[PDB]
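Colleague: Residues per chain are reported as follows:
Protein chains: 4
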Amino acid sequence: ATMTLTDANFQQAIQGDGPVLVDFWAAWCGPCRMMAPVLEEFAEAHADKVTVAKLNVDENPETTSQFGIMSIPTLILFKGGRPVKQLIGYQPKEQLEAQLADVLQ
Amino acid sequence: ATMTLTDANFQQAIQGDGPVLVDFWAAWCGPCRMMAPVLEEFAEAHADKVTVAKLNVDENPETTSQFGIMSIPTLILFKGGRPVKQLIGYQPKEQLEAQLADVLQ
Amino acid sequence: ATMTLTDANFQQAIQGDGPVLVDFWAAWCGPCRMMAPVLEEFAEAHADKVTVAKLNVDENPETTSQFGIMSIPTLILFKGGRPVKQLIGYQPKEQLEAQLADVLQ
Amino acid sequence: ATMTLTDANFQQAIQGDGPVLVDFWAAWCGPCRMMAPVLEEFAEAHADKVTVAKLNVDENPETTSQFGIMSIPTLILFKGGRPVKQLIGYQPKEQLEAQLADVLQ
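Chains as they are written, first to last, in the numbering used here: chain A, 7 to 111; chain B, 7 to 111; chain C, 7 to 111; chain D, 7 to 111.
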């Protein structure tokens, strides 16, 4: 729910002003469907600690290839406009919050 | 030469007699770019044993989802309009050949 | 009756003469959910000739990789501790019966 | 200096009796190839303080999974066999120097 990223708006949309959690997803991806509500809820619950961004790899090959994405879904946390943490994309709320403890504090 | 398939024509294209090796790939996928020339060479060497088809998952989510694809690339061998073997998509030509030894015999 | 296996007990479960039909599935996979009731009825009807186990791929990544599962649903029949047959895709009662006529002896 | 690491010798080398900078890469990864010359130069002016090693993710699945590598290039600095810093994405010389300095004395 917070932002839709594209190869065109990525560079700007992920600069300075606040941590951005990018979810690399695909329409055909099953786990991404299970993760969709988890991320929506996460975005709502920590809307002031971080911004959740969605990058549909189906339509955005440059960014996806640029980060050497290997599996869908994949999560990458950006701070100061730079990727600082990477996580497998399938994560229950508990595990997701535990690993992102720092930014949520 | 490889055969390009879409969600719209996939069903008719895999209707049996004459094995079809389907490569589920994406342009942003690194291993897929490594395999492109490999599969084209493979197709040229075994054209009268099997047809190599390519299904771009970025553009064809229906077929991809129908087969519960989880990672790309993925190779699925079809015989009789039915999927009979599933293979890791990123493999050297020599390993692929061993894996498909029966259809190549 | 469709006992559940995991990465922690899979190996010894199959490391036996005992014919075991393993159902590789996930909650997000429609055809997988379509086959759960069929398999439950199947396990009940042929309990004397085969034991039906379920392996959720999202929760058990080790087993999923070891057996190169790239497409779900997939059924793998183990005999003597080794996979002897794989069935890819939704299998209605009649197909399962026909395909597994062997173990059904 | 560019010692090659594998699933077999990684943990051992990481318990390296000194800091080790591991470069996670693949032959399909452009920014990774771009980073290769940069890392060699770094390994040079810091060969008394750190060893630079390479781990190909395509050929070494266990290490790749062990460290949750979802995006490459990725560098992980180990100090005492434990990961102490992780850098994601291309790092120009100036960045490598600034980010790893606290390990450069």
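Incorrect hints may have been included.
[What the hints assert, rightly or not] Taking CB as the label site, the calculated pair distances span: (1) 46/C with 44/A: 40 to 50 Å; (2) 98/C with 42/D: 50 to 60 Å; (3) 107/B with 17/D: 32 to 42 Å; (4) 99/D with 86/C: 19 to 29 Å.
[Stated by the list, open to error] Computed cross-link-like contacts, DSSO-like style, restricted to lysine-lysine with a CA-CA straight-line distance of at most 27 Å: (5) 99/D with 55/A; (6) 85/A with 55/A; (7) 85/D with 55/A; (8) 85/A with 85/D; (9) 60/C with 99/C; (10) 55/A with 55/D; (11) 91/A with 60/A; (12) 99/D with 60/D; (13) 99/B with 85/D; (14) 55/A with 91/A; (15) 60/B with 99/C; (16) 85/C with 55/B; (17) 60/D with 91/A; (18) 85/B with 60/B; (19) 55/D with 91/A; (20) 85/C with 99/B; (21) 85/D with 99/D; (22) 60/C with 85/C; (23) 55/D with 91/D; (24) 85/C with 99/A; (25) 91/B with 60/C.
Because the hints were derived from the structure by calculation, they are not lab data. Heads up, the beta-carbon is just placed ideally off N, CA and C, and yes, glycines get one too.
Colleague: If a hint holds in the structure, say so; if it doesn't, say that too.
Modeller: Results for each hint:
1. 46/C with 44/A: 40 to 50 Å: 29 Å, violated
2. 98/C with 42/D: 50 to 60 Å: Holds - the Cβ-Cβ distance for residue 98/C and residue 42/D, about 54 Å, lies within 50 to 60 Å.
3. 107/B with 17/D: 32 to 42 Å: The hint (32 to 42 Å, Cβ to Cβ) holds, given that residue 107/B and residue 17/D are roughly 36 Å apart.
4. 99/D with 86/C: 19 to 29 Å: 58 Å, violated
5. 99/D with 55/A: Violated - the C-alpha atoms of residue 55/A and residue 99/D are around 31 Å apart, more than 27 Å.
6. 85/A with 55/A: 11 Å, holds
7. 85/D with 55/A: Judged against 27 Å, a Cα distance of about 30 Å means the pair is violated.
8. 85/A with 85/D: 24 Å, holds
9. 60/C with 99/C: Distance ~17 Å between residue 60/C and residue 99/C Cα, so the pair holds.
10. 55/A with 55/D: This hinted pair is violated, its Cα atoms lying about 37 Å apart.
11. 91/A with 60/A: Answer holds: residue 91/A to residue 60/A is near 16 Å, not above 27 Å.
12. 99/D with 60/D: 17 Å, holds
13. 99/B with 85/D: 40 Å, violated
14. 55/A with 91/A: Satisfied, since the Cα-Cα distance of roughly 15 Å is no more than 27 Å.
15. 60/B with 99/C: 32 Å, violated
16. 85/C with 55/B: Roughly 31 Å separates the two Cα atoms, so the pair is violated.
17. 60/D with 91/A: Since the Cα atoms of residue 60/D and residue 91/A sit roughly 20 Å apart, the hinted pair holds (cutoff 27 Å).
18. 85/B with 60/B: 16 Å, holds
19. 55/D with 91/A: 25 Å, holds
20. 85/C with 99/B: Roughly 30 Å between the alpha carbons, so the hint for residue 85/C and residue 99/B is violated.
21. 85/D with 99/D: 21 Å, holds
22. 60/C with 85/C: Holds, because 16 Å separates the two Cα atoms, which is no more than 27 Å.
23. 55/D with 91/D: It holds: about 15 Å lies between the C-alpha atoms, which stays within 27 Å.
24. 85/C with 99/A: 39 Å, violated
25. 91/B with 60/C: Distance ~20 Å between residue 91/B and residue 60/C Cα, so the pair holds.
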